[PDB]
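Visitor: Kindly generate the complete structure, drawing on both the sequences and the hints.
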Amino acid sequence: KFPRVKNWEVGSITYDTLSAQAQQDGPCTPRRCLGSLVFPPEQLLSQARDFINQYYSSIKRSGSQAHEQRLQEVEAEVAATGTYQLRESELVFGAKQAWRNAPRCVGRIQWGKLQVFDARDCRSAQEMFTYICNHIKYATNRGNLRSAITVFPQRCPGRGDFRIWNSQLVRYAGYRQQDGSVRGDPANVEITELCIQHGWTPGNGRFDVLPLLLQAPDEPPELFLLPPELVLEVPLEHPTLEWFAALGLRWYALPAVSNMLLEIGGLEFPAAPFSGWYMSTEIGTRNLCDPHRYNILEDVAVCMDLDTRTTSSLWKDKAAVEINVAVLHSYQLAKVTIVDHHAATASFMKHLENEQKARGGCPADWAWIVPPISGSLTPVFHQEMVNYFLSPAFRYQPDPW
Amino acid sequence: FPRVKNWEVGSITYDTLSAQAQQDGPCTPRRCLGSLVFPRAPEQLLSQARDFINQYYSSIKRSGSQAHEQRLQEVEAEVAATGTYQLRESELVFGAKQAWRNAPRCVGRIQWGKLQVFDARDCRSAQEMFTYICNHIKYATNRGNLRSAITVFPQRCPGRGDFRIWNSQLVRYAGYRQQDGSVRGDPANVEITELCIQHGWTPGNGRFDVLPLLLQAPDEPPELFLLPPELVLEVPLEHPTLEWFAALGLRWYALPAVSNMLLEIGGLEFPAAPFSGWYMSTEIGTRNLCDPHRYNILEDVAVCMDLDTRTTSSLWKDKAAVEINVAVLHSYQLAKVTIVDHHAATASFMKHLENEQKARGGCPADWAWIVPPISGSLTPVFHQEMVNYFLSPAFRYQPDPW
Ligand code: HEM
Ligand code: HEM
Ligand SMILES: Cc1cc(N)nc(CCc2cc(CCN)cc(F)c2F)c1
Ligand SMILES: Cc1cc(N)nc(CCc2cc(CCN)cc(F)c2F)c1
Ligand SMILES: C[C@H](O)[C@H](O)[C@H]1CNc2nc(N)[nH]c(=O)c2N1
Ligand SMILES: C[C@H](O)[C@H](O)[C@H]1CNc2nc(N)[nH]c(=O)c2N1
Ligand SMILES: [Cl-]
Ligand SMILES: [Cl-]
Ligand SMILES: [Gd]
Ligand SMILES: [Gd]
Ligand SMILES: [Zn+2]
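So the sequences go chain by chain: A and B. When the letters of the first sequence are read in order and numbered with the deposited numbering, they come out as residues 67 to 106, 120 to 480. When the letters of the second sequence are read in order and numbered with the deposited numbering, they come out as residues 68 to 107, 119 to 480.
If you are wondering where the hints come from, they were derived from the structure by calculation, not from laboratory data. It cannot be assumed that every hint is accurate.
Said to hold, decoys possible - Output of the computed footprint for chain B on chain A, the stretches with three or more beta carbons under 8 Å from beta carbons of chain B: (1) 96-103; (2) 121-128; (3) 229-237.
Unchecked claim - With beta-carbon atoms standing in for the labels, derived distance ranges: (4) A/432 <-> B/382: 46 to 56 Å; (5) A/192 <-> B/383: 30 to 40 Å; (6) B/76 <-> A/432: 37 to 47 Å; (7) A/280 <-> B/76: 54 to 64 Å; (8) B/383 <-> A/139: 21 to 31 Å.
Backbone N, C-alpha and C define an ideal beta-carbon position, used for all residues, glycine too.
Guide: This is how it looks when you write it as structure tokens:
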């Protein structure tokens with residue numbers, strides 16, 4: 067009843083004992099597997128107990144002293160208020176642990192080096208904006224990116240909620256026309272039309288950095304223009320394909336997810352923007368080449384004079400590899416931290432070994448860990464993985480409308 | 068009723084067919100084991127049989143008809159009398175085709191209805207088994223115009239051993255454990271190679287030595303059978319523009335013919351039912367040739383291409399891999415051997431999914447096996463969510479009979 071997990075490259079076997087702790091249930095049954103699907120009062124005490132018990136085992140402080148103490152304060156805090164506040168070190172530990180537990184994240188070898196800004200004493204979107212702006216400039220750090228999460232006030236009943244309406248802190252606009260097709264990023268068409276609805280002058284171009292829509296409790300969202308010198312971007316060029324620069328492609332330096340809901344010890348923070356640095360395939364494969372994204376694949380292939388007339392020339396494969404090469408090269412020349420999918424997945428294999436010794440396994444979503452190009456050329460492809468929900472966690476949440 | 072989105076188009080369907088998944092796999096609400104390579119009594123034989131006959135009679139527009147209950151009645155009487163029952167031939171052809179239709183890890187299922195079923199259930203020995211097999215290889219190879227085929231050897235039955243083909247495929251390359259602990263040839267085939275040797279095969283010492291067949295008649299030791307070289311159509315590998323690539327000496331064979339899986343139809347088990355189609359180029363170019371635990375040529379090709387193999391950010395692995403795949407497609411087209419690239423194959427599979435959504439209300443699909451091992455998000459199946467489940471009839475894995 068402890069899943070046997072095999073690696074088919076080496077032949078090594080481990081058992082995932084950690085899967086036994088799975089709190090929230092995922093989408094699969096003995097009947098059918100939905101692993102490939104993207105989006106599958121005082122029990123607050125039970126989650127808060129366990130998280131505090133985690134915290135203290137993590138500091139070699141199980142069964143002693145402040146463990147028992149802090150158990151009481153949360154007991155009394157919830158008893159009196161129907162909720163509780165996290166000790167600063169726990170909000171930090173919960174942030175680091177939710178990252179550690181993100182099955183779909185391949186960069187979790189870095190989970191232990193995360194900078195937590197505590198924005199829990201926030202009030203008004205004007206405040207978030209400078210909280211977000213500090214994060215952005217801290218995380219960006221002139222291109223030497225540093226993992227950062229800003230945690231805005233936890234949710235409480237009767238009162239509203241802090242939300243960033245954008246999926247990320249940096250998003251490119253997407254506009255329809257007298258023919259429907261999108262100039263710019265089609266993934267952001269909707270938040271782009273929202274930003275315009277809330278009175279933003281639309282740009283003309285394919286890489287217009289959207290403005291932020293920030294939402295203090297029970298107040299309508301407020302447009303915020305991001306300081307352009309705060310938004311570090313990388314114009315894309317290719318080392319040997321001199322014409323690639325002429326395609327005018329750019330991406331931003333900072334992958335900063337601003338629509339997910341941090342959950343620690345039963346507390347839900349609907350606004351907790353976390354950021355790290357990009358793996359190159361995210362930009363060069365998914366963002367630029369997905370058919371419903373910038374969809375530049377055939378354009379690059381035209382410019383490389385590839386045989387787009389037959390699938391078997393592998394023109395798609397060839398052009399995609401060069402786009403990724405241009406992403407990597409451009410980011411490295413701009414001295415912006417980026418990691419290629421080979422380095423990233425090799426570090427994740429190291430992570431799995433760490434976690435096997437540390438916690439006896441690791442929740443990992445195979446479909447999202449394996450890169451979107453050259454999958455079987457990365458060692459994670461040949462690694463069986465167990466996917467399950469551990470707490471604390473980053474969770475998906477409804478669009479705040 | 069699982070809702071299933073296509074992220075490239077925005078499509079949404081609900082897989083009503085998953086509710087019919089009888090046998091059960093490895094996942095729970097607690098944890099997903101989707102990525103596991105090997106997930107997994120007269121009355122129960124009766125209900126599998128009953129369901130399959132229901133299926134067969136559905137397919138012939140005769141559900142609930144006279145002949146339907148007669149067959150139901152017949153099967154129960156025969157399970158009562160013999161403990162088992164015999165498929166009619168039209169049922170066997172249907173069950174072989176459904177088994178393919180139901181195989182969740184087959185991206186080539188658009189072709190599931192075009193399948194040549196050879197009825198070898200009268201097979202009597204290993205020697206007759208070999209002859210049926212040679213004719214399978216001959217028919218399917220078809221001088222490089224490959225045709226999908228399956229040969230069904232006698233079903234498992236009380237009193238007698240199983241027919242087994244010990245080889246995992248009809249065409250395998252020898253893998254010799256070396257002097258210095260390495261492998262010469264295909265490392266995936268060390269075990270079967272060792273077995274062949276033990277059973278009297280005089281080994282070679284090349285990298286592409288075609289294996290003899292170990293063929294097991296019931297209650298018999300396996301028997302060694304060499305394949306006539308002229309029956310085994312191979313493809314020397316060259317690259318359309320890298321001319322040094324032909325000097326690698328690389329080959330692959332034309333016919334992918336899986337021979338160690340069990341065919342299950344209405345509760346009956348055929349532990350020997352080899353089946354064959356044609357390759358997708360990634361199976362050869364990416365997996366067979368570049369897997370570190372296989373031929374592992376990626377670095378030697380990238381070195382020959384003068385790629386910068388000292389840094390991973392140069393994407394030398396991706397680049398060498400793509401030209402190995404190019405080489406495979408070119409070489410098979412040049413040799414006039416049927417081959418489908420992963421873009422064509424995944425696009426035809428998208429049509430399979432649509433046909434299957436109209437026909438049955440969904441399609442069992444193992445996303446991690448359907449999505450090709452290079453250029454995954456470049457193919458449409460990447461952005462298609464899928465519901466993986468087990469339908470019968472089915473091809474199942476089975477333990478190696480040694
Ligand atoms: C520092 C380097 C990091 C790298 C290279 C990295 C890489 C990735 C990649 C490639 C994904 C794929 C999921 C997708 O494409 O949507 C992912 C998912 C994810 N990562 Fe990481 N990440 C990093 C840092 C972080 C940090 C700091 C956090 C949180 C504290 C985090 C939390 C997550 C979460 C929640 C997901 C799932 C998001 C989703 O499924 O949409 N990551 N990561
Ligand atoms: C005609 C062209 C065909 C194509 C292009 C094709 C393609 C594929 C591919 C690429 C895989 C994954 C293989 C792997 O990585 O292990 C696969 C799996 C499979 N195919 Fe098909 N196939 C074809 C014909 C057939 C036929 C005729 C049958 C049976 C009647 C069949 C049954 C299966 C089964 C059972 C699997 C899963 C077994 C396994 O791969 O572990 N296929 N197919
Ligand atoms: C911190 C971080 C670093 C990184 N390198 N990458 C990510 C994932 C970014 C992301 C992308 C998409 C696009 C569709 N997958 C959806 C998300 F929800 C999401 F968080 C997050
Ligand atoms: C009929 C058929 C056609 C085709 N084009 N391909 C196959 C798959 C061959 C195969 C390969 C491997 C290697 C590891 N995946 C394991 C299997 F179980 C298997 F059946 C079968
Ligand atoms: C349907 C399929 O599961 C979906 O497209 C997933 C697959 N794997 C992924 N992996 C990453 N990293 N990002 C994604 O958006 C997806 N999409
Ligand atoms: C461990 C992992 O499941 C394993 O490497 C799988 C992944 N997906 C695959 N998909 C296909 N088509 N063929 C394979 O051999 C594999 N191998
Ligand atoms: Cl992104
Ligand atoms: Cl193969
Ligand atoms: Gd030109
Ligand atoms: Gd040349
Ligand atoms: Zn599952």
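Visitor: Would you mind marking each hint as holding or not holding in the structure?
Guide: Evaluation of the provided hints:
1. 96-103: As far as the segment 96-103 of chain A goes, the hint holds, because 8 residues have Cβ atoms under 8 Å from chain B.
2. 121-128: violated (count 0)
3. 229-237: Contact hint for the segment 229-237 of chain A vs chain B: violated, 0 residues under 8 Å.
4. A/432 <-> B/382: 46 to 56 Å: Between residue 432 of chain A and residue 382 of chain B, where Cβ atoms are some 33 Å apart, the hint is violated.
5. A/192 <-> B/383: 30 to 40 Å: Between residue 192 of chain A and residue 383 of chain B, where Cβ atoms are some 37 Å apart, the hint holds.
6. B/76 <-> A/432: 37 to 47 Å: At 40 Å between Cβs, range holds.
7. A/280 <-> B/76: 54 to 64 Å: violated, 32 Å
8. B/383 <-> A/139: 21 to 31 Å: With Cβ atoms ~52 Å apart, the hint is violated.
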